[PDB]
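Asks: Since chain J is already given, all that's left is putting chains M, b, R and F with the ligands on it; use the hints.
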Amino acid sequence: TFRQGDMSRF
Amino acid sequence: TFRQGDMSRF
Amino acid sequence: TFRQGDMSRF
Amino acid sequence: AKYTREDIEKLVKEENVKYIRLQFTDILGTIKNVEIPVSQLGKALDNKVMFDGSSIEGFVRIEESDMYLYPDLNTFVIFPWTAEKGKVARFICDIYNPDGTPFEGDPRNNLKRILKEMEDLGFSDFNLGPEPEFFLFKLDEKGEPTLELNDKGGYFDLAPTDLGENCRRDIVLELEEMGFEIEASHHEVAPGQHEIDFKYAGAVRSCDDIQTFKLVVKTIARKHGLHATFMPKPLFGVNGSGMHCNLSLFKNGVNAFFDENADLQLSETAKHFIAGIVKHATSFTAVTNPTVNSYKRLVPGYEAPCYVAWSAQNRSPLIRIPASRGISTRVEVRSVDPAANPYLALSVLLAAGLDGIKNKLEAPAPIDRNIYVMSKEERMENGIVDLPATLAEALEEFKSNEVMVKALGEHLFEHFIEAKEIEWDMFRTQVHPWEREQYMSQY
Amino acid sequence: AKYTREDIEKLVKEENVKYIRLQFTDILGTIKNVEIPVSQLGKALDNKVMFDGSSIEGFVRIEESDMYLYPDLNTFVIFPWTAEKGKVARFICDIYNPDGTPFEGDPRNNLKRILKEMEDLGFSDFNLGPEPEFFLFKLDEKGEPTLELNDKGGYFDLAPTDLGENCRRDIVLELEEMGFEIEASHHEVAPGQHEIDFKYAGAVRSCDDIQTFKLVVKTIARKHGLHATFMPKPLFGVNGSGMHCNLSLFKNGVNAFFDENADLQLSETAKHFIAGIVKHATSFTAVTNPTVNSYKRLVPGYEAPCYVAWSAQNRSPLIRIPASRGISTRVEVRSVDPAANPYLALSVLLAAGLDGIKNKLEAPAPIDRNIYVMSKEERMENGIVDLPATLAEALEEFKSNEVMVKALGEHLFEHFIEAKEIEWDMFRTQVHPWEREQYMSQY
Ligand SMILES: NC(=O)CC[C@H](N)C(=O)O
Ligand SMILES: NC(=O)CC[C@H](N)C(=O)O
Ligand SMILES: [Mg+2]
Ligand SMILES: [Mg+2]
Ligand SMILES: [Mg+2]
Ligand SMILES: [Mg+2]
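Protein chains in written order, with PDB author numbering: chain J, 1 to 10; chain M, 1 to 10; chain b, 1 to 10; chain R, 2 to 444; chain F, 2 to 444.
Chain J with its partners taken away, still in its complex shape:
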């Protein structure tokens, strides 16, 4: 996790 909003495009 720790990065979900940015990588939500995938």
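No lab work stands behind these hints, which were simulated from the structure alone. Check the hints yourself; a few may be wrong.
Calculated pairs, SDA-like style, for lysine to any residue (alpha carbon to alpha carbon, straight line, at most 25 angstroms) [as the list claims (entries may be wrong)]:
(1) F/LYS280 <-> F/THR102
(2) F/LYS224 <-> R/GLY165
(3) R/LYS361 <-> R/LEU267
(4) F/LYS49 <-> R/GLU16
(5) F/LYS49 <-> R/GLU132
(6) F/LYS49 <-> R/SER325
(7) F/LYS19 <-> F/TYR4
(8) F/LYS44 <-> F/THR102
(9) F/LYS143 <-> R/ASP152
(10) R/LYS200 <-> F/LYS44
(11) F/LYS297 <-> F/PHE428
(12) F/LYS224 <-> R/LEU227
(13) F/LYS143 <-> R/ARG223
(14) F/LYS49 <-> R/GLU196
(15) F/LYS143 <-> b/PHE10
(16) F/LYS49 <-> R/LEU267
(17) F/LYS44 <-> R/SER329
(18) F/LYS19 <-> R/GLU132
(19) F/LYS224 <-> R/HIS225
(20) F/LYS3 <-> F/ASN128
(21) F/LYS86 <-> R/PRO161
(22) R/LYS153 <-> F/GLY144
(23) F/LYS297 <-> J/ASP6
(24) R/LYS153 <-> F/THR102
(25) R/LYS153 <-> F/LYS224
(26) R/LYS153 <-> F/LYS407
(27) F/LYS44 <-> R/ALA202
(28) F/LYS19 <-> R/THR162
(29) F/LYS49 <-> R/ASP260
(30) F/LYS86 <-> R/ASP198
(31) R/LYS215 <-> R/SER268
(32) F/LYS44 <-> R/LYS153
(33) F/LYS86 <-> R/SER329
(34) F/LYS224 <-> R/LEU150
Replies: Frame of chain J; chains M, b, R and F with the ligands shown alone:
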């Protein structure tokens, strides 16, 4: 009876 | 009770 | 005076009015009129138009009776809705017997009689500031009211906003263009509930403005595809609708309720008025709350009054005294609902207040400790008594009060009692759907 | 000053305004008003309009209370949406007791009191620059919000493009036409999420602009067939909406946070302010994050803060210090969400900062090590603590803090606590569809 037209609203 | 209209939104 | 005969004739001459409504108010408070062409304006202004005076009695009329239709010149109003070929104007008229005596069965004449009695006590004016509130219901395809509210607004909320709609704003502006003196407006506690406050004026003028306000609000709401109702409690579990009445008594042009050197800045006359209102509160409830639905509003938990007490700051007091003082010193009676006849309600309130003043009754101590906390027996030992719970109970209380009987005279008393007894009898024998939902399958 | 009385009368005279909204803000932050006709403008400007001041308390109001409606002349704004017969203008007003004392229950008056306390410490101005984020949802045929976003945009993307739509562009231009000072705008990280930044201004002016911005954004989005919401976290698994607050303290007209000869180019006053904010961060979270949904945003992985720390460059720090220095030296608090009451949030933030300044508290070391890597126990031994996880926990923390209680006074404290406790109790007893999806078939 004796009053039907006036009391017809009820 | 004692307060129903004010808390009616909930 | 505001208008004279020449002014009226000239105004109708240029404005090209063809229809004149000589409107008046019956026992039940609904607006009645007889209509004449503009060619009969001269006969109307001569106090010569006859009509059936029994129409004031409502549905309990038994015999036709000829009455005169003396119009009031100061009430002349031109309706903004043109009737195609010509405009429509209205007069609010008094009812007179064929011998020239004012008709004792006219609520407006009864209010004038009570005001004359007040002037006999040394006072000059009796000002009323009303706070009528109403609900707005959406209409369906067939143009009949539904149970859906126009907005899910709140107390003093900016709910309607801009971008069209805002029927309250349109009503306020239109009333301003008709000569009304609107003080302020806001969204009420319940969804789809609104309030518009007028500036205080004389009692007769205030009642006339109340009737005109009801008519105009209904018409404008109908224009916007909405239904406006002054029903005291259209929905269960939701805030009701009141017509809080701010009463101020004037003597020699100054407020008689104000006394800077007394406690609460209240004069002895104000205390006597409060005592008079308290003493007869359970008796005039039948007049100020004349419908069966009126007593579904008088239930605890919705800020409507339920007990006879007065206060400066309390949860739902019967009598509230606003913080403003001086010329604006007034006593507010919050039991009145918009369904009440304004003339009759003002008559009974003024009669109770004068009874308090005439006998110098002692006002009870104000309550500031939330009477709702204790039980009914835990407060009966004090001066706090309960308002009538049903229309029949209020009718029983009203009949027994000798003073309140003369507040509206024998004719009005008998006809009002007969009509209300018939209304209650029709209600008590009905089988409501609630009963079937509760007992059809259980038993 | 920007407007005088004569300017107000002249402007309404040419612009032909008929409706005036005397708007104010309650405890929950929703915009309330009492509306008057233009004929009452003279009475309004005389600080004589009365209203029920209990409406500030919201749904926890008990008793009617009369208060005055002192308007602010500099807040006069003419709404661009003409209301048929005449225009609409607004005043943002302060609430005053009938004796002329400002009402202690008014959030705006509370903010003014906190600003007076700040001036008593030698400082002159407290500037705020907000970064409100909002979502745009498409409306359905019945004109109610749906769960579909207006665009599949990204961070700083040129997603809306030309050829119509671009509701953000229209909002920015319209706000510019109304006198707002828009700094910059961009598409936010989440799809259908947008941000518009204002120029920094005074605290009271900034809060008034925030309220007006919410109103205008909602209205314009409604015009474009869209729903604009400032909900902190409308959707799960998607970035939430924040209202990052850039705070700058001025002394004698110069920035008091800037010191060219110190490390990080930061003055000792700035370090004391940061220490004060850090000390009370867990306590004022209930005010800056007043809703149940506010704490669904405060979860890791979406750039929202979750721990009490300050830094110059880090992943989701509670306090961030922008690289710009000199006049533009400021401290950014990123925990604030747009659902917070601007006046109350600014009051508690300023109170915490002044508490840090008054007691000369020592700021902790900045965090530049990605505390998300280390465990909660692996960071508890440091000065890093977690923000409250739920609204109830934040309420418990807020009650215990003595300084934050005086930050808004006893009246606001009791009413806010009561309202938030009722709100939490309503939420915790509900059975959500997630529970049925998880347990109805499994058990
Ligand atoms: N909060 C109010 O003033 C509303 C009064 C309430 N609707 C009543 O029926 O009396
Ligand atoms: N990139 C950003 O600054 C977005 C911030 C994030 N949306 C929040 O809620 O704090
Ligand atoms: Mg009201
Ligand atoms: Mg009232
Ligand atoms: Mg952002
Ligand atoms: Mg930011």
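Asks: For every hint, state whether the structure bears it out.
Replies: So, going through the hints one by one against the coordinates:
1. F/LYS280 <-> F/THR102: 33 angstroms, violated
2. F/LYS224 <-> R/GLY165: Given pair F/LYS224, R/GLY165 holds - Cα atoms ~11 angstroms apart, limit 25 angstroms.
3. R/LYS361 <-> R/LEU267: 15 angstroms, holds
4. F/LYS49 <-> R/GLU16: 38 angstroms, violated
5. F/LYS49 <-> R/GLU132: Holds, at roughly 18 angstroms.
6. F/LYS49 <-> R/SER325: The hint holds at about 10 angstroms.
7. F/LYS19 <-> F/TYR4: 19 angstroms, holds
8. F/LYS44 <-> F/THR102: 19 angstroms, holds
9. F/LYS143 <-> R/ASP152: Cα-Cα ~14 angstroms, so holds.
10. R/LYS200 <-> F/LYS44: 12 angstroms, holds
11. F/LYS297 <-> F/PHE428: 13 angstroms, holds
12. F/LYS224 <-> R/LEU227: Holds: F/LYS224 and R/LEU227 sit about 23 angstroms apart, inside 25 angstroms.
13. F/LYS143 <-> R/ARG223: 22 angstroms, holds
14. F/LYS49 <-> R/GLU196: 19 angstroms, holds
15. F/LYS143 <-> b/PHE10: 23 angstroms, holds
16. F/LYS49 <-> R/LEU267: Roughly 21 angstroms separates the two Cα atoms, so the pair holds.
17. F/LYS44 <-> R/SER329: 14 angstroms, holds
18. F/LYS19 <-> R/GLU132: Since the Cα atoms of F/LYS19 and R/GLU132 sit roughly 21 angstroms apart, the hinted pair holds (cutoff 25 angstroms).
19. F/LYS224 <-> R/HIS225: Holds, at about 20 angstroms.
20. F/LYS3 <-> F/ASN128: 18 angstroms, holds
21. F/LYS86 <-> R/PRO161: 17 angstroms, holds
22. R/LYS153 <-> F/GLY144: 14 angstroms, holds
23. F/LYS297 <-> J/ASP6: Holds, at about 18 angstroms.
24. R/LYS153 <-> F/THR102: Distance of about 34 angstroms is beyond 25 angstroms: violated.
25. R/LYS153 <-> F/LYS224: At roughly 19 angstroms apart (the allowed maximum being 25 angstroms), F/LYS224 and R/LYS153 satisfy the hint.
26. R/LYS153 <-> F/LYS407: Cα-Cα ~35 angstroms, so violated.
27. F/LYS44 <-> R/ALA202: With a Cα-Cα distance of about 17 angstroms, the restraint between F/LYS44 and R/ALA202 holds, given a limit of 25 angstroms.
28. F/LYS19 <-> R/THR162: 15 angstroms, holds
29. F/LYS49 <-> R/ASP260: Given pair F/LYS49, R/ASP260 holds - Cα atoms ~21 angstroms apart, limit 25 angstroms.
30. F/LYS86 <-> R/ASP198: 20 angstroms, holds
31. R/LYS215 <-> R/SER268: 35 angstroms, violated
32. F/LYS44 <-> R/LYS153: 30 angstroms, violated
33. F/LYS86 <-> R/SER329: Violated: F/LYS86 and R/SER329 sit about 32 angstroms apart, past 25 angstroms.
34. F/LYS224 <-> R/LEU150: 22 angstroms, holds
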